[PDB]
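**Q** Listed below, chain by chain, are the residues.
There are 2 protein chains.
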Amino acid sequence: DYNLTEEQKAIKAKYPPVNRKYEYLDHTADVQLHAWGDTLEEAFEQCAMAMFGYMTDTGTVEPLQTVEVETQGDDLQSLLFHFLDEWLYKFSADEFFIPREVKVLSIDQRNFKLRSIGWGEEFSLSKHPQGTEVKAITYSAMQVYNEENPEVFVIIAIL
Amino acid sequence: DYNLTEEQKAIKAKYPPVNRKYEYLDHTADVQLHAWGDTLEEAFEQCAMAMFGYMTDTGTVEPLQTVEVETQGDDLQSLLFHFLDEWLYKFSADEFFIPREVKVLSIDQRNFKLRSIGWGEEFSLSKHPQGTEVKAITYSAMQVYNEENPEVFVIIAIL
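Taken in sequence, the protein lines are chains A and B.
Heads up, the first sequence is in the entry's author numbering, so the first residue is 22 and it goes up one at a time.
Heads up, the second sequence is in the entry's author numbering, so the first residue is 22 and it goes up one at a time.
Next comes chain A alone, as it looks inside the complex:
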């Protein structure tokens, strides 16, 4: 598993090698995004930007293309999940798109519908810094504080 000095190496040869009957399985990992704004709409776009920030320095993304994402939900929590899930999909399939910025144009609170756009380009390792892969969005500990100064809390799965 490890990378060791020739000194560390020498020690290994100096002792009887220690028989091993184990294995490591299902390594998992996550982080919690907290994002906030003047309006609820901003609090979603910021949270989408937060996620993408963990994948790269989004400040090094040119705003060449423009993508919409429109989605529906049962409640706000439901909404914010599919919102982040569709964006994540754009990165991970088809054009492998990375927005520099995401902007939620509209959110409907009676019927839990949302319109948004992001301007960026396709992701490249050559052009863009590397950061953590995002595995998936999970509902655990999700919170949508719809009030004066909205806030949003979301846990995702990372490599």
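Straight-line distance between alpha carbons at most 20 Å, and here's what the computed PhoX-like set of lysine-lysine pairs gives:
{"#": "1", "chain 1": "A", "residue 1": "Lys124", "chain 2": "B", "residue 2": "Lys42"}
{"#": "2", "chain 1": "A", "residue 1": "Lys35", "chain 2": "B", "residue 2": "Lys148"}
{"#": "3", "chain 1": "B", "residue 1": "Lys30", "chain 2": "A", "residue 2": "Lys148"}
{"#": "4", "chain 1": "B", "residue 1": "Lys148", "chain 2": "A", "residue 2": "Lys30"}
{"#": "5", "chain 1": "A", "residue 1": "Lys156", "chain 2": "A", "residue 2": "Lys111"}
{"#": "6", "chain 1": "A", "residue 1": "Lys124", "chain 2": "A", "residue 2": "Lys134"}
{"#": "7", "chain 1": "B", "residue 1": "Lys148", "chain 2": "A", "residue 2": "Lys33"}
{"#": "8", "chain 1": "A", "residue 1": "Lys134", "chain 2": "A", "residue 2": "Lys111"}
{"#": "9", "chain 1": "B", "residue 1": "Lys134", "chain 2": "B", "residue 2": "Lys111"}
{"#": "10", "chain 1": "B", "residue 1": "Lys156", "chain 2": "B", "residue 2": "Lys111"}
{"#": "11", "chain 1": "A", "residue 1": "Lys111", "chain 2": "A", "residue 2": "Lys148"}
{"#": "12", "chain 1": "A", "residue 1": "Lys148", "chain 2": "B", "residue 2": "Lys35"}
{"#": "13", "chain 1": "B", "residue 1": "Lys124", "chain 2": "B", "residue 2": "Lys111"}
{"#": "14", "chain 1": "A", "residue 1": "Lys111", "chain 2": "A", "residue 2": "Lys124"}
{"#": "15", "chain 1": "B", "residue 1": "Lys124", "chain 2": "A", "residue 2": "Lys42"}
{"#": "16", "chain 1": "A", "residue 1": "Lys148", "chain 2": "B", "residue 2": "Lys33"}
{"#": "17", "chain 1": "B", "residue 1": "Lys124", "chain 2": "B", "residue 2": "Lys134"}
{"#": "18", "chain 1": "B", "residue 1": "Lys111", "chain 2": "B", "residue 2": "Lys148"}
Among the chain A residues that face chain B by a calculated CB cut under 10 Å, a handful are:
{"#": "19", "residue": "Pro37"}
{"#": "20", "residue": "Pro38"}
{"#": "21", "residue": "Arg41"}
{"#": "22", "residue": "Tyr43"}
{"#": "23", "residue": "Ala50"}
{"#": "24", "residue": "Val52"}
{"#": "25", "residue": "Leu54"}
{"#": "26", "residue": "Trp57"}
{"#": "27", "residue": "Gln67"}
{"#": "28", "residue": "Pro84"}
{"#": "29", "residue": "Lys148"}
{"#": "30", "residue": "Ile179"}
It should be emphasised that the hints constitute simulated quantities derived from the structure, not laboratory data.
All C-beta atoms, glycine included, are put in the ideal place defined by N, C-alpha and C.
Add chain B to chain A, keeping to what the hints say.
**A** Relative to the frame of chain A, chain B by itself:
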């Protein structure tokens, strides 16, 4: 956070900075141990060795001191728990002891009491490869099969 190409730093400064309203919190992760042996006594000691195995190359550790761990629990599931939890404390406190190798000498299956011992030295990053820190032992998905061929799985919380 990010450290950038001279290109990247240029592209970054060519456009208006995006404004961020977010932060990253509570990074967390876990891995699952699977250890087995001819006897339950062995499954247990192989489990410890896996745990220390994640923290560094346990082969680079020299057998220069000897230490004892005794604990017991209510059931086998908790006997396992305290056993790894004790061993962990040994390492994460006081003399920061890491065992090369660990022997479970006895298990009392009527009364759930264990005697073990291990040989190693104080931990030191001068001497020892850095693996991952072990935050906790969790009862998550913990299974202990006392069968024809004993095996156990335990989920620990890493760094």
